[PDB]
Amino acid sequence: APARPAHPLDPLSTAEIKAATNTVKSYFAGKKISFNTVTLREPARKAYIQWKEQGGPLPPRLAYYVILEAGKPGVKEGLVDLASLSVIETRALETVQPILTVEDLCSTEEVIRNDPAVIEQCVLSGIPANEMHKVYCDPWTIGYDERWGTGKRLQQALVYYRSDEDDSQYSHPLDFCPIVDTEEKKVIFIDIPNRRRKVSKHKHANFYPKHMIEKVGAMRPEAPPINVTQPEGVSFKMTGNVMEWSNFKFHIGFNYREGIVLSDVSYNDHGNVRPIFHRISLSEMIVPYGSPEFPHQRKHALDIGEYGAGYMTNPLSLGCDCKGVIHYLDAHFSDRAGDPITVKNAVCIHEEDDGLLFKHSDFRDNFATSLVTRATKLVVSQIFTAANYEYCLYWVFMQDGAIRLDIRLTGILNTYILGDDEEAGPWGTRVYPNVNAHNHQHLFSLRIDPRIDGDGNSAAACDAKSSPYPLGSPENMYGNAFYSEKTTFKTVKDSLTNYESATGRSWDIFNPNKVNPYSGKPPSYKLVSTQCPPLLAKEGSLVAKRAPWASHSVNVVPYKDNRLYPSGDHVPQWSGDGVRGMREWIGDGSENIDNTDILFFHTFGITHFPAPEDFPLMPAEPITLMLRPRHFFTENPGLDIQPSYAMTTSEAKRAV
């Protein structure tokens, strides 16, 4: 039996992973099985909390596994109790398909390169059979194809051409789409368009220095350096995966799917350690493309559920992605064979200056009376690559007690071929000759398990509204009166709400069992999110059905153990029909969500209309949302931070 971790929420160590896989291999003795997922099965919320603050028993270390068996359809999943090295729970799901690992994907390219039918298509497209080594493809989930359901594990290959291995293939997509059987490693069908478009005869749109030197005249001269040094160390303190900074204390976890997982978040309010969130993370996402033409409906990847923000994460060291005195965390997964794999520097932690926290000067002595305090922020981040795109995720903690999620989208646009005399139409943009970048949205589902100042929470929408009384009335004589209308969700159905520019809507997550001694309102953390696009895909569409959580900016359901993934546990190839995930949690919409243990799922993101500026490599596009304490504290929580400058009125006078 492997050693227990330091903390119940720590990810499975490599030893625990081996232990888990050995256990499963034994249980299925004499069966050819392969490992798709071996990850920590977190303790029940209750167990964790009791252990943490009621002297409760240590929760057992459990490992969740997903495997495939040669010749058997679908998958098998279960739990391994590491202490006793045994399978304690197991079941077979023959009509489902699992997340696609790098091994499942890193091999599709070679199979299409060697497929006679694919070769014939390349030849017809203008690439001779002896140049197949110049043909490339990004292996995608087939998403969903009614021609096969989950009856076969499939991938669809978006084909591209490289004139030279160092080229960026995206300026040269081919017009067809092979469909590959993941287990059989072979092409079973190829979607061929009615209107054929042969390879672009243009130069590739490249972005490395040597390419740029040839493209524009030369590179710009290296700019004078901007050095950031922390000579005396950092203010934060890492103890294992536990972080302590500016009164915040939380556990930094990580898994193959969600990537970073922040847990057991609390704030030390001058000795009174107050809980804020039990768990927070990105639980899923979907990038629905808007071209109605076949087979483009199959482009609506749920990167988190179908590839995994953990599995695709970039080793952060080299890129100079994290500037300053960094603290890194590695990630551990399992490979197909059940052996632990490690991706180094998967998460980086650092703190950086963030301008002014607050300031105020008295005009009376010409601002000689003044106090200025600079702000510093705690950043916990990762960068993962979903084939063409790169998602930079930054969890930010601030000195006023706010928590923010900043995402920067970069990488390369998904592209499809465009005929010389073809208009990108209303569905896409011609960002380069013969290149069509299709419209699409980038949507994310933020999962918040709150514990605002303790247990028993509620949620509400807050809308700014003018007084109902008219101009000239005794109640609103000059018609300037306005207030905040708070609608607290009593039932799940009440929470299904969207962002509203008309009222500057924001959402409150509060503890109705307490009151702020000054304001009289319950302590709360307010979600201030504005990049909340409506789901453009029609109701009842493929996209709307497989991502039921995306239809509303906010979804609030009662807490239940293991309610993590909004689009179900096994996303690839699910048609979206059925009661699972968010659709299951919502139920008939009648369960109570007022003053209980609740789960708050927020949908945010952007609607991406490509433009030449995004090609051939896109400048980082920002996305952000934040949670601010409101009525949580009785006053600015950062006033005990040493001002960077401070002069009292009496001091200014005596100073001459």
Second form
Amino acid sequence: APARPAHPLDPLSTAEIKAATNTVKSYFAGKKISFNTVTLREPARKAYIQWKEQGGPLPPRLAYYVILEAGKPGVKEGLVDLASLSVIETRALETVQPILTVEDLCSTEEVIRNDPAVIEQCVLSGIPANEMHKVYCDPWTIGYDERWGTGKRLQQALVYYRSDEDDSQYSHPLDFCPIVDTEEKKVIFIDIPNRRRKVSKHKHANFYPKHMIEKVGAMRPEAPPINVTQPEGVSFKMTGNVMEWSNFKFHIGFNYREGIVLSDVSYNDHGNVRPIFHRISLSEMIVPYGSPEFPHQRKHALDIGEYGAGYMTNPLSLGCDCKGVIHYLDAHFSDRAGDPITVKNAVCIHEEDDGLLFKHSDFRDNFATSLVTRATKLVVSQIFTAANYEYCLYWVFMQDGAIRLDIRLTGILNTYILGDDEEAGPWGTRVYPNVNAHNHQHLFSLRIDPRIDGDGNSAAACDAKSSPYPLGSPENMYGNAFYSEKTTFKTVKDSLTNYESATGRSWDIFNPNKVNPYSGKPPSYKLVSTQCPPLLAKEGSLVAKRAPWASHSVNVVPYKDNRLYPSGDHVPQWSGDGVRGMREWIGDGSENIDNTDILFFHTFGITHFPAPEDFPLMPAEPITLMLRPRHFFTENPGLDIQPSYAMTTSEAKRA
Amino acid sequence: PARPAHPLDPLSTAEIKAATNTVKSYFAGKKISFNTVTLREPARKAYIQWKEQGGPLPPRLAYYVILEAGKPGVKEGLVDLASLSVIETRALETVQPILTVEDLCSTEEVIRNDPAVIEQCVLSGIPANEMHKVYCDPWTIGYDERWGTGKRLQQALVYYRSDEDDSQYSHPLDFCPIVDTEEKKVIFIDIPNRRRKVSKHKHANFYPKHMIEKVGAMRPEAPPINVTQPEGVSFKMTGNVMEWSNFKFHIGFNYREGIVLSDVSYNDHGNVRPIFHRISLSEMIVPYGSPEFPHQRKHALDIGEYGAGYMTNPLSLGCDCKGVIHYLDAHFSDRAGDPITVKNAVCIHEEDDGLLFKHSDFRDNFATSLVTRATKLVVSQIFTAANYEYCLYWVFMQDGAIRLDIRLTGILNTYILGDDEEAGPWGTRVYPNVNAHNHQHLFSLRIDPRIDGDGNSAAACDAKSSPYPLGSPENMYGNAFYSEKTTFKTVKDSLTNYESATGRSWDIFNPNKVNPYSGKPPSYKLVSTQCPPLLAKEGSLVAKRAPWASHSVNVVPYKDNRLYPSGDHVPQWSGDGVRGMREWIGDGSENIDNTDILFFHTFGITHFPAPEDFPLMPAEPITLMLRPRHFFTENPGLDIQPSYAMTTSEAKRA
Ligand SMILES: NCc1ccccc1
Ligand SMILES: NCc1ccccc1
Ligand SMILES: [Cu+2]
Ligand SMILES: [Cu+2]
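Which structure goes with the form deposited with benzylamine (ABN) bound, now that we have seen the form deposited without benzylamine (ABN)?
Shown next: the complete complex, the earlier chain at its head.
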């Protein structure tokens, strides 16, 4: 009954969310339910393509839902057909726990503030029982605790203290960790260390201007401004969610979990519109902490699956986050009651100056002969907040046909208390008195659904190698011979591969059915990514079992519908045992992945060893990966862009 | 002359003139030409004494290199400018020096008029009267064991243009003339066993008039993106001294390294703290990967063979630096000893750099929020090495990091490919009859550190899992991990490569000092992952002429004049002998812990060409960064005005 959208990948409108919740409420009449997730169920890949390109059936508009029911363990999930307002698919899942929404997180603080056992711990730690309004917490999922499994829905409250509401609480962690039952709203346990450490008596480590004035005397004067103006408008064109820019076309989607989803990406190669990717997104994360001491093993957040890069996203406009002529998109979710909620300006789109695209000058007339073309890049960005952390996400299209993911980490370190006589090392750093910032890794799983110049793709590893022939042979007289060794993956097992400095390893995604007429190589997009940490948690560890994708830089599996989330559909409190998510998709490693519909999951990120520079608030730390056309074109695709400056040899002779 | 303000300033045009008059008169009655006339930088100890200890103002000195007609090799030495005298000299009969703009310019005329060359063109299918259509790129010979350093030699890489406006690289010829640079005479031509004649295809061109023919039309002019600074800039220049966002340093420039950054300090709330004494690019090598003759001679060491100063583009004419720019000029000597000037060789500006930091509280729906935006300072040059473009950006940032960004553009070096000829596995057929050979581009970053003062060390930092196994009392859940730090004791310890298996980084630190919070020494941390292994084999010509290239990191003791890791005079050295990095390494046993050190970092890329790269290549990026870690006690940027800030208390009031 709701109006269907312009485009089948368009996110659910507020009206569609509302229709969905009404329908689901009616199906479960008399049962006390709440809504965890109401989100688009995207159309099967075959149907979307058949619709888009073959005059095919229009795909059903579907809402996927996850609910809880009071007094029932676990969740229910299902699908609503929006045209007919009915529930077409249903199941109860009594042994999983679902993503934690903003409403789940905001509850927990008032729960621990009112708990007599927590209050008593605060008293023993040096906070008087009448000042519980000053105790705050970051309510994480418990993550995984073998004492409860998925038997109850749990959060672990990492507790802190503020002397004033404007303080940054992270200089003042407390020593204990309350375990809260999310649905009953009660503290069921508190992890208490053997060595007590009372609340720090130092000043809070603050960072607003009033705080800096006191700490350092004065603020630096306001800098003279840099202004950016586009008086004739922008060169990109939006039609609903569909973007066109510098020959690129694609759909900008968004959802509670992944945040930005770019679909149906193609490039217009002088009138021939060539597919590149069907879908590209961040599909999961894991942030594993490296202190072995109890209970710090429970810090290994899989932020996308346990909280959501959509649900956590910041409204962008007030902050001055995106500078210049900006196009915004809003996100729409359900709340607990089933009412649409909106986050305004969730996504910001703009184009920027990107330096030189290409330059060449001739030494013969002293660089008089010269051609110089400037580069513009298209940025589609979101920023999300995961308690203490900020993740800035920028998807970047470039004028050479390349596509790049840029990330900047900022926000504040997770911190735990440190005794006056306590050494942080080797597992963490003393970033401020009485403050221990544990070592950790931030790891991301990029999901790529490729369609390189069409259907039937493959992937390889490409390793730079010296010729096998020795120096002074006929084949390699001066020892200088080298090549690129290309290892095509045949089955899933062959693809499980790590980045390797010793070969400067890249990965190709390519179309074996086609051939570049100049070079004779298949057309390809090449993954060029060097920020690929190995997983430092040991095999069989809780971190490695809960993120089976993260132990390889690259995982390539057959395409199947609904293979989005590589640690499973319902991540919180999964032990990491069982065949689900990546472990399921890998299977016995034998399925074909040569010239077929494939998915390519790429683990990248950083290993962070904190230092005082990071504190009390951390300077942006950049991460990046690129996908470059290699043998996709027969020549530089930017040559038809007007140069900033051009003089030929004959024009230069004339002057 | 008059002395300049600052002892690190490059030589003025007057001073170069003064330099070459003095050398003219000391070699009175001799035909000599000038190859280099340039600042000899004062000893690091002299300089620091003048700067900080009331010490006398160092003497203004000029380093020169000259050739004398009829004499092998070169002569080099030093001129004391204040007394117009030669104070040091010596003759190097068995080296060859850096190739100047003019030594390059005369080769084409030499080969166009040479009769064996003319004959090779005819057999290649170009008539003897179309020789104005034959071009070459005049490289050093690099090294050829048929002549050593016994003659000064170039190798002319030959191309063909149908029209002077063509880009010549779609049309290489098959043969390679060898030219005596000083006799202006071709002495040999390398001719392959299988001849391949000039391509019949159209040239692969890239000017808008060519593109109009090739694809119908140019894209419409895009809507402008304009950058103004109505109130001017935040940085302040005094002569060549830069002040910005608490950094202070001197911007120098010479013929070989191009940009040289000296005396780098950071003003930490009134405490002026040293970071580097000097940083610059000190050498390159660009080893091609085709084993076939004569292509083993493609391995240009661009900095020592041609000079990133000598090769640099005037900027501004092209729209190379967008915004409100401050420019510096370069000054050199030509062959006759007269000052030449390259206008606008260096550009200085500030640009937006995204967010510096941000944090919002989820508790009031992100209404509690602070956002501060980043500005970066860019000091750059662009140089042309025949077909290649190298864009160099030294970047300072407001978290106190220094980054080097490089962008590679220009044109693929190409060689001819036959109709039936397969280019793989040593190159790519990027256009019909065009073979673009595999190659690496390697750079030697030279750091003379002075981290929070004198007495420094360097280490490798390697992320590692705990050695204790999953299930033990020490690592119950198997997640513990730490950074293993390996302090380099002796030169040999430092010889290290980037390691993905540990995400290796390198520290340059002051072990005499201590961070009050963390208890670690103050450090700048080299974060760099574009660290290709040298693919050329041990004992190869490449590995011998670039001994620094075989390790990502090489740390050696400071001595004055330890600048150029492939030796002072690079063209035609075979790579045998104890000089440059090989001399500085020695037997490997010298101390590098807590002393004056030099840190030489090898980084860059391995290039397997693709058609996207032809006929003109899109910028390929290379970066490395040096980040303060345990240097400060907190984020140094917090005193910068936020672009937006709202407290929890303010958010309630609204
Ligand atoms: N990375 C853990 C997290 C996210 C959001 C809220 C609490 C904790
Ligand atoms: N890179 C080789 C080279 C440099 C400058 C001029 C000619 C050739
Ligand atoms: Cu971190
Ligand atoms: Cu290259």
